[PDB]
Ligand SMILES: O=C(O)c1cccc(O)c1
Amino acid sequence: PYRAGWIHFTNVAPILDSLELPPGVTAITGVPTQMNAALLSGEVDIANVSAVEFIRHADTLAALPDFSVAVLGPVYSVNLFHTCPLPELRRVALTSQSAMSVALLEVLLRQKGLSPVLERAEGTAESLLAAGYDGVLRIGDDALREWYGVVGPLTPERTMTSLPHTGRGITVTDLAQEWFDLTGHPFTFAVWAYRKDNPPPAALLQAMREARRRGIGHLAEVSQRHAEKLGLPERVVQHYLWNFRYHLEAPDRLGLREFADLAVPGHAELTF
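Give just the one chain, in the form solved without the named molecule, as a structure.
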């Protein structure tokens, strides 16, 4: 009697990994593209969609008031791999058809007065960069893995935030970090949205806030599982998760709003 469309990225494991769907709610997973359409149509009633998806449809959609995937500073999962200073960037490859990553990239390039050519294309950052592209935008787990594959290994000495930004000629620019450099504020990448008319049941909300307590309470357990199926050290994933802001607090709402005004001028009002 109530569907939900999750997009199980690593960055959301502290919330979804222990969730217990209450009586009356079902869940199904897939890719951003999938869930988005599902939410708008009705194949699903609630989903974790990108900030851009939510902003573009704020007219008919509402977001939970205390759930988000945000950060202040590096995110490590929204990376632009390039082999030449940004200003010299001429051709960029956009992977996994992400409107979120692109929207944020355009805002950043725009402010810098840049305008390289962007093209849909698939492959690893290293592949595409060896196939004519100056830069390659990547998001999600693959973005995290490839980031690590370039910089690091992360040795017992000196923290993860002590890793270089370049490796084997490739330079990894964190878009969330760029946003901080630009606004000094956090950036919100995703939220939980539902149609203003069809709000979720209380049970689901409590069930979710409880799973989150568990996830945040045992990051070492959450990290290990995923680090293993990601082929990454536990500490990398643990730090990666610790770094996320999940309660859509004022600082997150501020960043979300700053971005919404720059990428979707005249967007309906953002409600929660």
The other form holds:
2 protein chains.
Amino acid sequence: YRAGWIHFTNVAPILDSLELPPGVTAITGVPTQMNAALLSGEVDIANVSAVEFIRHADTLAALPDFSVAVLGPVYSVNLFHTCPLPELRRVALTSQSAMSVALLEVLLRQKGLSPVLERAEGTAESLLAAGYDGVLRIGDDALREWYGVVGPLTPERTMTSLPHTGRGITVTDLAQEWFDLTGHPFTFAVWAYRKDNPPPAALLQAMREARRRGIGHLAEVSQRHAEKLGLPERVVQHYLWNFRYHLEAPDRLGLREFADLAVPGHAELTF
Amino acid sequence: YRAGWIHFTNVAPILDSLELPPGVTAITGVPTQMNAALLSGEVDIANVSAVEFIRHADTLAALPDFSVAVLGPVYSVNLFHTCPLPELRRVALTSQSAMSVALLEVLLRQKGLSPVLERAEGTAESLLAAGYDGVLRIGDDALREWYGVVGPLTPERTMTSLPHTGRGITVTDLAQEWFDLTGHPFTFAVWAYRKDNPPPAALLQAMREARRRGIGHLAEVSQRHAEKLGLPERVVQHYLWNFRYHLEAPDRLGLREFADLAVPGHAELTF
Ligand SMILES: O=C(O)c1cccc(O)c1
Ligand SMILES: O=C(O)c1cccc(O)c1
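Since the structure above is the form solved without the named molecule, I would like to see how the form solved in complex with the named molecule looks, so please show that one next.
In what comes next, the whole complex appears, and the chain from above leads the way.
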């Protein structure tokens, strides 16, 4: 049984101490490749974007109790802009940000907005000075670049009290926008496998034990990844504490609302 | 400046490592004693139930960045029953809790139910085996008796996957019922102070540092309280992980909705 992992910081509580059982191997790679690897059969299980799970819910099931979800701001799914949203004419989409385009478009439609979207490469600040009013960033780079815009953090100030603007750049958090729109959590990723190929029970148990270790030792998890990202430990710690990892009823509700808005007529979501 | 704390398990990550700055003292006691001390001015800040804050929002404000809230099940606010809710003619109450009764009454009115609430003595299981078919339990007892009913954990089963029924007893979670009703978090407690008399910055800073230590070391916090409660470390750990401690916009929305239903005409909630 083969597993494809994506090594975003927000799954470190699950993956940093994971010990594969006998008879399971794992590869790592970009979200692009894991999606491809799961459909073709290169891997049997992978943590894939929500929209990828939804669009292939005919073929794929998800683990019942694993998610990357959040209620409120997520800090790593970010629209950086220099003008108000109704004025946006051109939004750049960076490398991995194509899985959150569907959420961006849902939010833009509800406001009646339709800027042109273009694939680009670079950081938010450099793309904002290379012909774009808006830049969509996800993952570790989004978190670091959010902090670059609105930080630094001082001892008296706290991560949640930081402004959303800095140096003429506003950082719009799409998970907060989703909360403003629906009142509900947003589910960004699940653990998906072909319906006729369930994962071995030893894999699920090792995954649950690693998540329990990571949740139990969040300062240790956070310190390792803050060093790699160049951020304060407390930034990463609050970042990880915000996530919802157990795909519970509120997470499934937001997943289903997203599915209906972004992939109407999707096959039924099964776990 | 005087603090009055109630050391419920769910505030352990905030209060267990708290180091009071110079010129701040703390006492402890039961909620009703602490509420009165706050309102009469013999303490200056206290963690009080949501109802207590809502009913005295004329003269109290709440810290903007501290809460006890949850989205979905809370596990320590439980209605145990052997028959469907519409067939309950009575519901036993063991403790005094204005908070959980006001929540229970909100849920029951929304469904057009009206069982009689009666004070009684015992555990959920002795009262059900006696003259009742419905029992409300809160706190440590509610958490321990939920586990007695639906447990125990195994290497394969986790807390999230446990059934909500056991031995013919259904455990209805009032926070999950609140989510089913509203889609939103429920805020059980805030840190309240008289509007004249906001806390000194050093206390807030100390509380923020204590919370970061507790959140960053959940296994350590959980093992202490798990041993005191006779529960697996894994139960307390997930229990504590499940809370929302920062009084963010979804938490305030849940709080205001509860304010509107349970305390009609309440003064405006201020932070
Ligand atoms: O945020 C994640 O962990 C994640 C994982 C897979 C796909 C994706 O869009 C996001
Ligand atoms: O759940 C709590 O921490 C709490 C704190 C104060 C009053 C109350 O009813 C509940």
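Positions refer to the first chain, counted from 1. We call the rigid core whatever largest set of C-alpha positions still superposes within 1.5 Å between the two forms.
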{"item": "Which of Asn198, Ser115, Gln111, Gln97 is displaced between the two forms by 2 angstroms or more at its C-alpha, rigid core aligned", "value": "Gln97"}
{"item": "Core-aligned CA shift between the two forms for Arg158 (Å)", "value": "2.8"}
{"item": "C-alpha positional change at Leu21 between the two forms - rigid core reference, Å", "value": "0.1"}
